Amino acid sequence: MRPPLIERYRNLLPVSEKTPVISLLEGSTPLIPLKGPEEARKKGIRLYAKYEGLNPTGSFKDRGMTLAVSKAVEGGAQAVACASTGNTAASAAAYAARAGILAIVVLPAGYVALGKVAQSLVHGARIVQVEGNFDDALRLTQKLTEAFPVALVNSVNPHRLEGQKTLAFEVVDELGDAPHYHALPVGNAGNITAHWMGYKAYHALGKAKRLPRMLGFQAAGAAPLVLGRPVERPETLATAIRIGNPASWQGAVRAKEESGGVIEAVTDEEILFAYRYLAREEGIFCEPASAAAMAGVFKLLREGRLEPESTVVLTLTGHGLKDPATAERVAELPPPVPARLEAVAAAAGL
């Protein structure tokens, strides 16, 4: 039923019989067809949500991690390393535990909320805090990949991009062709770069007639790609895309230019609106960063920038359960009422 990602696309991936398949049955996620919004429905525009939140660790990063770790193990690596918290750390820790190797996470001795590393820790991640800054931490991470058999699994790891482009493969397999547009969040730009690589690869194989316009969106307070310059003070509630200087900058610009798409911004308020829309009207619960993709579609529709009768696919990068802080900001218990049927039906709106 649910096969290993690398197995499903073995012929299209940099693997061989010598590649130890370290999988958690990631990928092959649901492509939920959305009912609306009505602004899209009235123009005959159909939306589909690639629910990447339904991956083993909760984010699409499992796609690149499964391959990155598999190749790392093939290369004889005793452990994978990254200089980040959140999903990347959680995914790396999970696959390292599956592979039976160590997962190293180097971070500055500063303040770190256990929420950002709790998941990676339960998996057995080796978190090391150093008396330095983000620069020193990422520096020590590299040197650790030069003096010891450690594989750096950060955003620039080629294998991560190779594995993440499979999402595009799955979309085409389901729809029968590439969509007209494809919206997704943009943090370090590795995912958008991979997406484009995927669609171009499927077109070169003859499995896709068209190439979609990549619609990447960033949070207003953290849109270095929109401003065309690094943002030394990234600000946004969408933690996953709180990036001031994307590692895959060049890749993002290329995908934007070649696909004839755009990389624009949406405010946190817009992100929160899309966040609620997906949950309350589509039944889809994703984290804010992911909602940004839907916020992007709302923006273009509002501007009438999406051709009618077109198909729009959105990559909801992470599951809502990933960020309880935002859920609690939106959630609220109503004032209690008397234990009477009349009062209940009233407060219920019946």
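Positions refer to the first chain, counted from 1. Here the rigid core means the biggest group of C-alpha atoms that line up within 1.5 Å when the two forms are laid on top of each other. Residues that one form lacks are left out of the comparison. First, how it differs from the form deposited in another entry.
For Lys18, the Cα coordinates differ by under 2 angstroms between the two forms after the core has been superposed. Relative to the superposed core, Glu332 undergoes a C-alpha shift of no less than 2 Å between the two forms. Core superposition between the two forms reveals a single run of 3 or more residues with every CA shifted by 2 angstroms or more: 329-350.
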The other form holds:
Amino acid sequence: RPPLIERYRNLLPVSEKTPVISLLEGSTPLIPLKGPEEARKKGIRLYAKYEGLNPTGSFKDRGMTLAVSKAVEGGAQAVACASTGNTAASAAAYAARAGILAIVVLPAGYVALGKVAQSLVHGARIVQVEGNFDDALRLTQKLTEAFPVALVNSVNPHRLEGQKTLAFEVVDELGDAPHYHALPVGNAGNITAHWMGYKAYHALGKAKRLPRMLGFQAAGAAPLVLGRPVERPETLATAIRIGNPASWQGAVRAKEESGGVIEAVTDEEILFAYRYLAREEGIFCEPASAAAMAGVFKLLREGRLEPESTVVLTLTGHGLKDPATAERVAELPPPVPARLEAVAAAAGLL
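What would you give as the form deposited in another entry, now that the form deposited in one PDB entry is on the page?
Single chain only below; no partners, no other molecules.
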């Protein structure tokens, strides 16, 4: 696992003066999937780029390594965001690695300790303000303008450049870009970066073809499917519970230029794919990440994937990011006497 910035140095906005703040993120496994049967019946091969195996458990590490490295190169004493999720955790981990502050501004009483616990252990400075979520974003902006603090939010150009490397790794591995590439779409910075990576590698000549990007959003938070912002987003897939994507334009360009789509999958569909990956492929990912697999199931049922094609799915986060969704009251059989036969019977071996 080389530092991501070093693996693609000549293709990234870095110089010899750029301080490489790396946790050896990237270079994640591209697991060939066994099925599903719907796909095998048509010679369609699926590969899961397992981004949950990045340092903080999310693909965001790809963008953060570059963003914090550049921030430091600029003399920044800290980075900031107004996120309560995987962004804050990634920012905090890299800030810690750099020896600088990670600042997260949020409306008081909004988040639970459990959700920001990861970023806090990394020493994140979480500032709850007595105001609205608009007050937090705003105060964040001014912090970035009055002090040496870099904003590492969704639109940070460096986060997008770093996230582009995922496409590079896929082509390096497969020998070419896949026919299709599915992934979840929240603020849409990831699908925008994926498309950037593919176009860049294509121009470089390492990728002969360009994949059709397949973006999927939860039905309850599908502004890019609906073609309008969603004021009241909702879904068990927290990572993509977004009503106004920050990289809206980037997503639409990626979709259009790649000849792809951005469609919706229901929470039931997301939950189904979530279970499928865990029980059938042995891959535990976040519900939002599962949306990508739900998306492939959807198009397979609709007969919209060409036979004999290759499909790559970016499973964005690790299942451990959201234990709650995995801890529904199990309702396990009652205990059995400490007798072997009883045990084998309970284990279903008889």
